[PDB]
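Engineer: Listed here are the chains, written in short residue letters.
2 protein chains.
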Amino acid sequence: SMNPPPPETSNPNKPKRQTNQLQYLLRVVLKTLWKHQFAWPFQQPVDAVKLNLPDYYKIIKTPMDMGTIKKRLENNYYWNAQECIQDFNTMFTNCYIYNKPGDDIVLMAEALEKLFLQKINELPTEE
Amino acid sequence: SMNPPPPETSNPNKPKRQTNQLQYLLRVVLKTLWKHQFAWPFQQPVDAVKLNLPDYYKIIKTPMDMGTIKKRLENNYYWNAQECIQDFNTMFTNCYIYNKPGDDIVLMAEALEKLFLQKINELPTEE
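Protein chains in written order, with the entry's author numbering: chain B, 42 to 168; chain A, 42 to 168.
Simulated from the structure, these hints should not be mistaken for lab results. All C-beta atoms in this analysis are idealised placements derived from N, C-alpha and C, irrespective of residue type, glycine included. Be careful, since some hints might not be right.
What the hints assert, rightly or not - Taking CB as the label site, the calculated pair distances span:
1) A/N140 - B/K141: 27 to 33 Å
2) B/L164 - A/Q59: 38 to 44 Å
3) B/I138 - A/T50: 45 to 51 Å
4) B/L156 - A/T50: 28 to 34 Å
5) A/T50 - B/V69: 49 to 55 Å
6) A/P46 - B/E124: 43 to 49 Å
7) B/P142 - A/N54: 26 to 32 Å
8) B/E151 - A/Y137: 55 to 61 Å
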């Protein structure tokens with residue numbers, strides 16, 4: 042499989058809003074995860090052509106990566122903070138789906154997911 | 042063409058010994074790194090002609106790879122664990138020497154090096 046186009050990051054056909062929760066997700070959560078030692082394999086869509094991984098987009102039909110989440114936040118793609126949280130969960134579960142329990146890349150995603158969970162525990166109150 | 046012969050893996054004129062530390066380096070450390078998802082670029086000597094890296098062996102004069110380290114452990118090439126740990130260090134620093142900060146291949150090597158360091162943290166006590 043060649044690579045698919047990356048997920049859409051702008052939507053001219055939705056209303057936009059900025060909230061405490063969405064700003065926190067960008068300025069705290071994404072930033073903290075981006076800088077983590079384990080983040081780099083998750084920062085851009087898997088380049089299956091470069092890695093020579095023909096089965097990746099045969100198996101992962103809902104790809105997601107931190108770069109896409111960053112762009113969606115910056116473009117006000119999300120109306121509800123849960124839409125963004127869902128994208129993070131898609132990125133972590135994609136790693137568990139493609140790989141196997143106990144794999145090193147899985148342990149990396151698990152550490153990232155634990156940190157993400159710790160940070161969104163502190164998301165500002167829905168206002 | 043362009044590749045040197047691989048590093049020597051047997052040494053008939055050197056005494057041999059088996060130790061818990063050498064056992065651990067082969068059966069725990071090497072095995073763990075070998076199975077890492079990022080291991081593949083480091084499992085065999087760099088084929089500079091196949092990768093078209095004609096300068097590789099003009100820059101890297103002390104090549105090292107995990108396949109060599111595996112053979113050296115299997116052949117009792119090392120008397121001291123530090124000789125093996127030095128070979129791992131050489132393999133990682135060779136990656137940093139030839140490539141540049143931020144390259145994917147370097148980020149792979151850094152992750153393997155940090156896991157290697159965690160593993161040899163738990164090397165069994167010397168005799």
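Engineer: With reference to the structure, classify each hint as holding or not holding.
Structural biologist: Do the hints match the structure? See the list:
no. : hint                        : result
1   : A/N140 - B/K141: 27 to 33 Å : 29 Å, holds
2   : B/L164 - A/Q59: 38 to 44 Å  : 55 Å, violated
3   : B/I138 - A/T50: 45 to 51 Å  : 39 Å, violated
4   : B/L156 - A/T50: 28 to 34 Å  : 42 Å, violated
5   : A/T50 - B/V69: 49 to 55 Å   : 51 Å, holds
6   : A/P46 - B/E124: 43 to 49 Å  : 57 Å, violated
7   : B/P142 - A/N54: 26 to 32 Å  : 46 Å, violated
8   : B/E151 - A/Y137: 55 to 61 Å : 27 Å, violated
Checked against the numbered hints given earlier, the structure breaks hints 2, 3, 4, 6, 7 and 8 and satisfies all the rest.
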